[PDB]
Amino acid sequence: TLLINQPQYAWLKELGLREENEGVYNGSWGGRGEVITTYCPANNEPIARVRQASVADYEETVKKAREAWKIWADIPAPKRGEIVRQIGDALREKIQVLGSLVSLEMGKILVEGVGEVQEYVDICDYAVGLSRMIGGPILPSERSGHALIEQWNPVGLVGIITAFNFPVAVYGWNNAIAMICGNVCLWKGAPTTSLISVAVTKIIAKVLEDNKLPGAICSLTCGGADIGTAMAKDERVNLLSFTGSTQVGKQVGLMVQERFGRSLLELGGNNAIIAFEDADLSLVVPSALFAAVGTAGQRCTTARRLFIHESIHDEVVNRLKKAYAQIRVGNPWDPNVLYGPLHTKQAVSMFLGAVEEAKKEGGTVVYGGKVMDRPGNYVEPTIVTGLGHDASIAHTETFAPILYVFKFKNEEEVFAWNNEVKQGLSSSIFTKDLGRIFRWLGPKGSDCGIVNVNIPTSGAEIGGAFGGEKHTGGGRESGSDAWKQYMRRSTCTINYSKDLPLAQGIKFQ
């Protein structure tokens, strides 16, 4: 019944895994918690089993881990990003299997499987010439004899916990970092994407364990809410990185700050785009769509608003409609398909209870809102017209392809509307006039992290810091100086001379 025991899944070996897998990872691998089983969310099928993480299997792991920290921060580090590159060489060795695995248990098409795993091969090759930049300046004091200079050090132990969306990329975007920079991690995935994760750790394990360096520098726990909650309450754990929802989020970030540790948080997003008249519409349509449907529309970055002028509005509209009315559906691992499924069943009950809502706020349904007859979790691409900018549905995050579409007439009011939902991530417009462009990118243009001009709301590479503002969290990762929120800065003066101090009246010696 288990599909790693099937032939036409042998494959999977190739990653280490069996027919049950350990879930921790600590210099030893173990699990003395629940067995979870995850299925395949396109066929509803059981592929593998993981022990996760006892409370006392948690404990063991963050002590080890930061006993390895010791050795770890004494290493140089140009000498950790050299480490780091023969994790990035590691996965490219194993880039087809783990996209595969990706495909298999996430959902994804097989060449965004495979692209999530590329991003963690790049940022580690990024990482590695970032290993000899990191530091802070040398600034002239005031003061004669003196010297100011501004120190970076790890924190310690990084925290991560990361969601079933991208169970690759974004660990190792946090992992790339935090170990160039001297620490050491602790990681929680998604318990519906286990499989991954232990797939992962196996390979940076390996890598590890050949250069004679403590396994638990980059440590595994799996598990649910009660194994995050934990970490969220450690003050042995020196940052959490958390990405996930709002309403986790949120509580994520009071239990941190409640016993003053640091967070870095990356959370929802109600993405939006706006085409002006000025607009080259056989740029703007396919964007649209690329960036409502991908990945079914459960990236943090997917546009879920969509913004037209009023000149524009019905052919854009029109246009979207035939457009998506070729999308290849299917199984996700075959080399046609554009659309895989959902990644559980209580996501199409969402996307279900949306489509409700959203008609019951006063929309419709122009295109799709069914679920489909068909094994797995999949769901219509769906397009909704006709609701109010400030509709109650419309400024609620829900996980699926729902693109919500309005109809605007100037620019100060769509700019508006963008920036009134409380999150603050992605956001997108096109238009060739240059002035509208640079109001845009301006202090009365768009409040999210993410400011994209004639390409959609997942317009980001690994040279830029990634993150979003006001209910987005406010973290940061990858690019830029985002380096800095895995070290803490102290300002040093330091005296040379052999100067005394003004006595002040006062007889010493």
Given for the second form:
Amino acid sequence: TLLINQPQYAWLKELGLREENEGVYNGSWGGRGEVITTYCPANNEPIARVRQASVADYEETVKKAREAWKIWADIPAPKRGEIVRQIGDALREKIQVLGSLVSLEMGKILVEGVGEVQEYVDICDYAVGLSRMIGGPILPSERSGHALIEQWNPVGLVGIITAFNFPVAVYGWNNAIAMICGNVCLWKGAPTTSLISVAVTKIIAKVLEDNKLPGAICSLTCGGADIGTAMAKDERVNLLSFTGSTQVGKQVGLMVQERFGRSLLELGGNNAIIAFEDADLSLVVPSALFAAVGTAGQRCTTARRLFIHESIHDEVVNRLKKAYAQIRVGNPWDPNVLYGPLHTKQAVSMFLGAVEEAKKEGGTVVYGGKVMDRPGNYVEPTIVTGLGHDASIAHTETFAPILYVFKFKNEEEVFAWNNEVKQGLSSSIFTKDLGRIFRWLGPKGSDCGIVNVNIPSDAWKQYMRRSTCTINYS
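Got the form deposited in one PDB entry; any chance of the form deposited in another entry too?
Keep in mind that what follows is only the chain, not its partners or any molecules around it.
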């Protein structure tokens, strides 16, 4: 029986959810496509159902969004910023129940579900001020009586495809910034977090309707691969923002390039931590633990490779083992719990596969490595030593809490080893040597977009199009 039909989960109805929900919003609610059931990863019970978009629903929604854009693009950016401010206030009023839904459907612990909603609230508050800073300079012409203007305009329709692991705040960032820039949006979220997508859209829809604005400014089309592919191939989708796996992202990027569209791609990464001989182990150990096991290793920034100087390798592994042993496991919406389930059964199979393969490649499991014997998708947070830097399994991004640990002797080799990795998202070094820190942050250092030391505002231009306008008034 559906969780939403059980009295203990009646709080779900505060988000406007029912046993079966419409998964399309374009000013009207609908959905003629496949009906999907989403499940609670803590107990594998079905929560509720969502009727997804058909291709015809998607078509109509794109057309309705483009019609709504005619109205929206004529609203001054500071007034669009006021609408975004009101969305933030509306999220604020629902923060506890929406955060609880994030924990229930996605599986992250409650402080993180609430924290993700709060992040969206903070984004809306930030967007208010940003809405007053949109614009380009009037530059000096080389010709007398000519005005040279850098003009910024909305791209039009921004399609947004998001992933399971941050089912609220990635959409929130894209939506808030795209809205103040005068764009309309179309959201297709992860199918396994459909209820979260519907709940967020219900909150936004009410703000838009209360303001007598066309709802399609923030459209929703829940769906699977066919809807995602339709967006990637659709010339009416002027900008496609995608967050997800590197293999899928590459194909999305190629499809958008094939039609000369625009894309923003946020793809995976291996994240590494490097602890040198002079590191503060009182920072390293808890940093590595939270970076490795936070959200059960399902963050885009999850640490999966830990390089440790030979002199401290054994001690750090030991202290990690101790720390891992204190991790508190349970239902992720229970305020006492520090560690929840993996998001899907399939993730558990990947976890088991990765562990056995690491063994086969010569690795030693020094902690964990097993599925936990309890309902839901719980696995033990795992530490694997003895693998070589090159090990193929250690470069595959398995969204599970497996930490691969490597030893190194000097700065030269460890830097070389890391600079041989491609997708690298973030790099965290722990050292007290200031010169070494400069080398790692500089041109010859990490190639990562995020670099951290002793720790684990033209954003709007990405959602607009620039023109150079020359006016002769002489």
